[PDB]
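Student: For reference, the chains in residue letters:
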Amino acid sequence: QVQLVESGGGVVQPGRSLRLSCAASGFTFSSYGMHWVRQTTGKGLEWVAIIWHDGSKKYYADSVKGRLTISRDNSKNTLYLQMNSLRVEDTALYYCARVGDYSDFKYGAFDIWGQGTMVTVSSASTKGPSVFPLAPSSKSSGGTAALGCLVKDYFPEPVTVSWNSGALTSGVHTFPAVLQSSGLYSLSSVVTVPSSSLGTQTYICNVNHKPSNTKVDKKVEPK
Amino acid sequence: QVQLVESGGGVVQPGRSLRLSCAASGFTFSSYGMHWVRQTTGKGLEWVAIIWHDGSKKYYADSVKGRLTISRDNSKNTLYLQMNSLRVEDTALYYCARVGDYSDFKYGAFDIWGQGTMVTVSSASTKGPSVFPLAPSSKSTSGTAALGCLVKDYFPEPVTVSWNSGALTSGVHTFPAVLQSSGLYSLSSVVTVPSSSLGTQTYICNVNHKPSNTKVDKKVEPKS
Amino acid sequence: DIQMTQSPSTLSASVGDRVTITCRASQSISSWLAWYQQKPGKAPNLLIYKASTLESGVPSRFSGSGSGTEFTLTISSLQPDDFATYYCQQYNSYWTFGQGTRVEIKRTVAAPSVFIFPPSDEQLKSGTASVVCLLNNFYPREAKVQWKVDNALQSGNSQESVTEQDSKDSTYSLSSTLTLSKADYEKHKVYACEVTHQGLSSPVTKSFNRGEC
Amino acid sequence: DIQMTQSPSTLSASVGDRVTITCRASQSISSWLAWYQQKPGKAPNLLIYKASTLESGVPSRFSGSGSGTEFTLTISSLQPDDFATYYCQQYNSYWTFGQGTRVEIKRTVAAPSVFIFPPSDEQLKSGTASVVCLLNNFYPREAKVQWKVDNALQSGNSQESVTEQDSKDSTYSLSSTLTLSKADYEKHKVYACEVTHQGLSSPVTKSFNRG
Amino acid sequence: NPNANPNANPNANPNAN
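As they're listed, the protein sequences go chains A, C, B, D and I.
Throughout the first sequence, residue numbering follows the authors' numbering, covering 1 to 52, 52A, 53 to 82, 82A to 82C, 83 to 100, 100A to 100F, 101 to 130, 132 to 214 in sequence.
Throughout the second sequence, residue numbering follows the authors' numbering, covering 1 to 52, 52A, 53 to 82, 82A to 82C, 83 to 100, 100A to 100F, 101 to 132, 134 to 215 in sequence.
Throughout the third sequence, residue numbering follows the authors' numbering, covering 1 to 94, 96 to 214 in sequence.
Throughout the fourth sequence, residue numbering follows the authors' numbering, covering 1 to 94, 96 to 212 in sequence.
Note that the authors' numbering has the fifth sequence beginning at 3, numbered continuously upward.
Looking at chain A on its own, in the form it has when it is part of the complex:
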């Protein structure tokens, strides 16, 4: 089975190092040029570096020159990416892609992609989240009220949120986290419930942050 398996990711601090691996199987690795392509939700898909089939030629993007060096071990069918002097701008999901062997003047079609490995560079440290309530307002806005909890200031990813220990899933909207200016993630989780149940039904959002071993049960009630 033709596939690419990557490893070496993780969260590190600015200036540290990190070596990414890309083990290849199912095809002849020694007869293929390889790329590294990183992806973010802000810059999109961005080419990083290319290695020749024999390692004789190497080319890097401008944003990674000198700091990132690409290598290859044909004896072990693995592609490498040495990352040094890591900046927070290097935070991305990194892919390794195989160059399609389609005869032409230019070559740049990628027919096999790795599953991706995540690199997070940040000066932040492990921090448990603070859970604040989003209290429901005046009842009878269509007879349905909105409530939730705000999970602020944690690092790193991820955080899990349930409602009433999972027994409440209708109406739950848990939004993707955002990275604040402080390098700390913030996440919001809401649920829509009838207005007639605010004074008669308990709503507890269960927040779990494994990176800090933090568990918080937050009861949300109107004010």
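If you're looking for bench data, these hints aren't it; they were derived computationally from the structure.
Among the hints, a few may not be true.
As the list claims (entries may be wrong) - With a Cα cut of at most 30 Å, we get these calculated BS3-like pairs of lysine-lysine:
1) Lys145/B / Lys214/A
2) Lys117/C / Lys42/D
3) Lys50/D / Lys43/C
4) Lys117/A / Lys43/A
5) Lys201/A / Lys126/B
6) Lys209/C / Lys169/D
7) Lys126/B / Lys209/A
8) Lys206/A / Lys117/A
9) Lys57/C / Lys50/D
10) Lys145/D / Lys107/D
11) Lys214/A / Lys149/B
12) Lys188/B / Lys129/A
13) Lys42/D / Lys57/C
14) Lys214/A / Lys129/A
15) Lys50/B / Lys56/A
16) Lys145/D / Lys183/D
17) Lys43/C / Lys64/C
18) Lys75/A / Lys56/C
19) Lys169/D / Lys100B/A
20) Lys56/A / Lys100B/A
21) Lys169/B / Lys145/B
As the list claims (entries may be wrong) - Computed beta-carbon distance windows for the label pairs:
22) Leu11/B / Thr28/C: 32 to 42 Å
23) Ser215/C / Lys169/D: 27 to 37 Å
24) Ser62/C / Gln160/D: 19 to 29 Å
25) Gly68/B / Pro149/A: 36 to 46 Å
26) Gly42/C / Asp1/D: 15 to 25 Å
27) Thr28/A / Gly68/B: 33 to 43 Å
28) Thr28/C / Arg142/D: 43 to 53 Å
29) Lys42/B / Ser30/A: 23 to 33 Å
30) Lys190/B / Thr191/A: 29 to 39 Å
31) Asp1/D / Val2/C: 30 to 40 Å
Stated by the list, open to error - Selected chain I positions facing chain A (in silico; Cβ < 10 Å):
32) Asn3
33) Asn5
34) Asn13
35) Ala18
A virtual CB, placed ideally from N, CA and C, is assigned to each residue, including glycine.
Got chain A sorted already, so can you dock chains C, B, D and I onto it with the hints?
Tutor: Same frame as chain A, now just chains C, B, D and I:
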């Protein structure tokens, strides 16, 4: 004028070595990539090896890797195929071919070939043939009869089979040899003569085997 | 640096539709173009290379066309597994990708339900104030949110994120967080979030007064 | 590993006929296919490269066509010096040839003259007995010979050799050689070779009895 | 030229340019 002359083929026993040489002339030899292609009746034309014009890149067929080595001497316009650890499966006719310099993304159209050199790998030792007659039946003179000689258990090829010291040439059919399970070769050479000449005309097959210095003459007479 | 621009960025479609995706090139790239498809959580998969050649193993419903600077990816009859994001990549000079085109599942327009939550009393004790505006169950994805504090437009101090379509929801939802210092929050009274969406004939504003709600 | 497969393996034609040879490809080789011609005792000669481009010295009769996995070679007017074996090869991924299509001289059908020569007395001394079933001047090449000691067939104790197509009569000749041991030869009485061919309406059997 | 063929090609041009 543009040609490739090969040499170095021969009969060897398995495990031994042999060096093929492809002499070029009429073109710039140091400018072309070169191939070795072998041809056997069982497998047809099979690619063996390629060498870059300067000798930097070399590729080999899977069946010959480690035992065959393609080399090149551009100062003498010679292409080489060093054959080591030879197997009987390597018995074939070997050509050297030139890569046609046609501008494209892929290359491999062979526009000049050598005359071919034969390599034969066998554990059999030199043995002269034993000649046995194929006696015709003397009947139905009014009608043609068939007679011949069975050339059996010889090695290596070839044998020159002539009839009546080359005087009898009409109706003669010398068959291609067959390789037996013992490693020796077998051949049959028949001739169709008018049955009315069986009573008086005498027929003699002459089997000459140069690799064993063997010359045999057998008279074929009507059995019945 | 050759820039790849894709039009449109987001499009709705149903199963069986003919969708067409445009990829502009900042300069001529001849036919050195590739098309990819990426599903959430998965790597991209190549569909078209050399502008029009179809990748082996890809359904023949996909087809690329164009040369020079304008290119096109076409799906003659869209299937349920085609709802993803498609990127165009050139390889004339180095390698650059488009911004991507999201293919969302089409439905009727739906106006958002707007809810605003003042900061909690326990967060104000910490020195920061977070005001949240909730846009619930709207379609399509395009929506705008403006934060006003005493009729003063707030820019650069808010963030937002959106949900996707799933097996339970055909619409989207948006959560915007206005982050103010405690001192700044106590200095003003009216906090409002103005929502503009296609399903609204006029912008909807939801407000509260500090110290009252 | 791209396999080249030509069809047919051999075809009969006459001077002036329009001959077409088709060879398939296990994978797509685009237009990177070459056609060769090989006469006996000689090296191949390039005919067409790049699927359809004609080699410099090759006459206008030959032409190449097709692309992808199906390719064709066509001779407009068959010249008498065009009776040879033709090979197609791909050079898209390494280098592989087809089995070769032979172009023979088509003539009138002719049945084989069947003879069965018993083993000689000189060979009887060695301990091995060789029987020879000879077929002379038959067309077409397709023919089968079955050895039946008594009433039982023989499996793998016989070899055959076919001469090339004759220069004048354009016919073929076959020589089958059944090899038994003297202990096995002196043990049975009936020895026969049955020949099936289009010339004969029923399998002709030439045989003899030991003695 | 970074966009040249980065793969191994046994069928590439074996002649002198």
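Student: A separate judgement is required for each hint: does it hold in the structure or not?
Tutor: Do the hints match the structure? See the list:
1. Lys145/B / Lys214/A: Holds. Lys145/B to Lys214/A sits at ~29 Å (cutoff 30 Å).
2. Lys117/C / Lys42/D: holds (29 Å)
3. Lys50/D / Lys43/C: The given pair, whose Cα atoms are some 25 Å apart, holds under the 30 Å limit.
4. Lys117/A / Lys43/A: Roughly 27 Å separates the two Cα atoms, so the pair holds.
5. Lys201/A / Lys126/B: holds (26 Å)
6. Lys209/C / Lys169/D: Since the Cα atoms of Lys209/C and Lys169/D sit roughly 29 Å apart, the hinted pair holds (cutoff 30 Å).
7. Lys126/B / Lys209/A: holds (17 Å)
8. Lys206/A / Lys117/A: Status holds; Cα separation ~12 Å.
9. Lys57/C / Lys50/D: holds (24 Å)
10. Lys145/D / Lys107/D: Roughly 20 Å between the alpha carbons, so the hint for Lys145/D and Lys107/D holds.
11. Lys214/A / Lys149/B: holds (24 Å)
12. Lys188/B / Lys129/A: The given pair, whose Cα atoms are some 28 Å apart, holds under the 30 Å limit.
13. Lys42/D / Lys57/C: holds (27 Å)
14. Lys214/A / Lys129/A: This hinted pair holds, its Cα atoms lying about 12 Å apart.
15. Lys50/B / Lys56/A: Within the cut-off at roughly 24 Å; holds.
16. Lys145/D / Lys183/D: Roughly 26 Å between the alpha carbons, so the hint for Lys145/D and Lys183/D holds.
17. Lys43/C / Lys64/C: Holds. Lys43/C to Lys64/C sits at ~18 Å (cutoff 30 Å).
18. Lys75/A / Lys56/C: holds (22 Å)
19. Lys169/D / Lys100B/A: violated (58 Å)
20. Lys56/A / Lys100B/A: holds (15 Å)
21. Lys169/B / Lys145/B: Cα-Cα ~24 Å, so holds.
22. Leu11/B / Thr28/C: 32 to 42 Å: With a Cβ separation near 60 Å, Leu11/B and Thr28/C fall outside 32 to 42 Å, so the hint is violated.
23. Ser215/C / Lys169/D: 27 to 37 Å: holds (31 Å)
24. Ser62/C / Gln160/D: 19 to 29 Å: holds (26 Å)
25. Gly68/B / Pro149/A: 36 to 46 Å: The hinted range 36 to 46 Å holds for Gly68/B and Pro149/A, with Cβ atoms some 44 Å apart.
26. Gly42/C / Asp1/D: 15 to 25 Å: holds (18 Å)
27. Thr28/A / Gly68/B: 33 to 43 Å: holds (35 Å)
28. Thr28/C / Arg142/D: 43 to 53 Å: With Cβ atoms ~44 Å apart, the hint holds.
29. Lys42/B / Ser30/A: 23 to 33 Å: holds (27 Å)
30. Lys190/B / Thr191/A: 29 to 39 Å: Distance hint for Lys190/B, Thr191/A holds at roughly 33 Å.
31. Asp1/D / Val2/C: 30 to 40 Å: At 32 Å between Cβs, range holds.
32. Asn3: Cβ of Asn3/I sits 8 Å from chain A, so the hint holds.
33. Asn5: holds (4 Å)
34. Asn13: holds (9 Å)
35. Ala18: Check failed: Cβ of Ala18/I comes no nearer than 19 Å to chain A, outside 10 Å.
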